[PDB]
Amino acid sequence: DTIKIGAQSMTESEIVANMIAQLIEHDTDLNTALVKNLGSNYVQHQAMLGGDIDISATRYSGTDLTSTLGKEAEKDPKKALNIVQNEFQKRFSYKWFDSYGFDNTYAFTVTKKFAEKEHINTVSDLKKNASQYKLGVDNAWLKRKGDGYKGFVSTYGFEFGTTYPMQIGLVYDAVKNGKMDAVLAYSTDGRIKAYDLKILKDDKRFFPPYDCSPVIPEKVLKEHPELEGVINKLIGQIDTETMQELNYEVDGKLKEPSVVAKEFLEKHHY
């Protein structure tokens, strides 16, 4: 029988999606298929409800909490994961696993060079000269509710001199070359490694946590009792630094997600 693994359009998702597949076909006699390009977690959720996917490869605690669950933004990561896991079991009898070990969080990011010139370690340090700064953001963040620009201004109490929305993949070279003074990066992106950018401390803890976990229905796990054991092998095994490294292997070194996943599994003896 064929285990269907859903992935959104993020390098991260495709990597972790392929990893799961390859781990399944290594440990068991089960067959796998990947359902690529699922857009948002809403569609990913619906695809699970409709039986289009047996496994959601990458899901993020702060996302499903304040949208799929409709709950308030918990800032403690363990408490937020506890809520999310309990609602998914109660509402859907879905097993939201413990985290792979990484956070994909919004991260105000600058060059180290610029952090020394402007004296910046925290997001709050950006206050003083904020009017003089260009900030790069993704295409959705300014209008985003809760942990968006609006909530940001209310919490940190300042505006950036100009904000420029753009495809997320562009913010990293943009900060690197000085086109933007700071950007709101995704903290798992490989180019944070490669370019060695500085992730500023979110001293007011504005952003909720975004720990990444696989989601699988207990019904799927029951029908294939060997499955949980396979997935459990990934739990705790991928921290932010590793995910950044795996991400650069695709985004910077131009390798296929299947290959990066294979090499990773081989490196760790699976």
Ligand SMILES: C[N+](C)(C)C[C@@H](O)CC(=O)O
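Superpose the two forms; the largest set of C-alphas matching within 1.5 Å is the rigid core. Numbering follows the first chain given and starts at 1. First, how it differs from the form deposited with the named molecule bound.
- Treating the chain as two rigid bodies that shift between these two forms, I192 and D125 fall into the same rigid part, each C-alpha being assigned to the part whose superposition fits it better.
- Superposing C-alpha atoms between these two forms shows the smaller rigid body rotated by 17° with respect to the larger one.
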Given for the second form:
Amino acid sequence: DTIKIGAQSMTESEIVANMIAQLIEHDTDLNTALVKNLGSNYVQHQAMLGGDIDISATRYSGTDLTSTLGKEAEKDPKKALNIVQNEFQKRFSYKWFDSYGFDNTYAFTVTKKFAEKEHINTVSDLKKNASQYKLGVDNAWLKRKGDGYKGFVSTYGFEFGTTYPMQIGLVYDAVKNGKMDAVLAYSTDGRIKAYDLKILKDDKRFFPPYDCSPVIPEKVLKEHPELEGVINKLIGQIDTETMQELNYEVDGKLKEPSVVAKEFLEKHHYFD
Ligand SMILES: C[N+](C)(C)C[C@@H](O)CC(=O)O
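For comparison with the form deposited without the named molecule, kindly provide the form deposited with the named molecule bound.
Below: every chain and molecule of the assembly, starting with the one above.
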């Protein structure tokens, strides 16, 4: 009886996956295995449907609402979460838990020099010379329905000069070093504050909310009745500002996700 915890290929997914793994083994006689390097929410969900994972560490409400459930991008945090919770329960008997306490949203990120020099505050301010710009984005966002590029173009009414898809990890330096004029960063990445970068305002509210939660089949929670109490320790416990520091511990200071998670868990006494 080994619990299989899925980690997406994001620093944040890996930290949180370890944090779950360690809290389980501390509180239980259940032992754990991490399934690393799932490329996306789709990969994660597919893996859960086939029994390959028992717990998703990091799922985001807007992402699964638009892709896995095939729904419109609901723009309200609370409403988005409810539809996602009721749909997972109703559709797969999966439990989409309440969030850890943090939203990890797509954010248009620029250097401050660039925003001074181009008079930029908002995503709409980009429109003026948009075709002059190089945008850095992740390997999937351009192909996404609902919350992807196509949606952005029909919402903000403009497109960028060129778009470059890369690994999300690398957009923080590419924007900093001038290789890109703007990137679509993730808001919880600690390098944004660490590089004194500017988040632009989503003035048209194109993006749905992206509250982060764990997901486990009830089938699993039935079997291991002591498991839900463990996950519950972490519910509402990590705000965006905490997640930003944790992320940076791996990203800036180059620590193993397991070390970061253990240090976090030690600091809060494993929450009893
Ligand atoms: C992190 N974000 C919420 C913006 C999206 C992402 O996780 C996409 C996915 O899981 O494929």
